[PDB]
Amino acid sequence: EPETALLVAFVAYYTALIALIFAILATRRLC
Amino acid sequence: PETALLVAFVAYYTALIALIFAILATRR
Amino acid sequence: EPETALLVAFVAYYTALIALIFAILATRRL
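Protein chains in written order, with the authors' numbering: chain B, 1 to 31; chain A, 2 to 29; chain C, 1 to 30.
The hints are simulated quantities; they were obtained by calculation from the structure and are not laboratory data.
Any given hint could turn out to be false.
[Claimed, not checked] With the Cβ distance kept under 8 Å, some of the chain A side facing chain C (calculated, not the full set):
(1) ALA9
(2) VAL11
(3) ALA12
(4) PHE22
(5) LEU25
Just so it is clear, CB atoms sit at the ideal spot from N, CA and C, and this is done for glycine as well.
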């Protein structure tokens with residue numbers, strides 16, 4: 001599957017951005 | 002291809018772990 | 001639970017960046 005690779009990469013790219021912001025929010029919530 | 006889809010799945014599961022790790026820190 | 005969750009937030013931060021890299025690395029294969 002050639003087109004499926006972009007599907008998982010985009011989901012991974014946005015999910016990692018969601019996890020990136022949550023880590024920023026969790027740091028600034030305690031601190 | 003399978004070689005690129007495998008790397009995209011690592012990124013996906015690594016993003017899932019980072020997302021779970023973020024939840025564990027929020028609950029505390 | 002106290003200052004411990006701060007370090008766990010740092011683990012989530014760098015793990016997400018690693019996921020961002022593999023998402024870009026998987027795009028380079030196309």
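Each hint tested on the structure:
{"no.": "1", "hint": "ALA9", "verdict": "holds (4 Å)"}
{"no.": "2", "hint": "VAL11", "verdict": "holds (5 Å)"}
{"no.": "3", "hint": "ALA12", "verdict": "holds (4 Å)"}
{"no.": "4", "hint": "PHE22", "verdict": "holds (4 Å)"}
{"no.": "5", "hint": "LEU25", "verdict": "holds (6 Å)"}
The earlier numbered hints are all upheld by this structure, with none contradicted.
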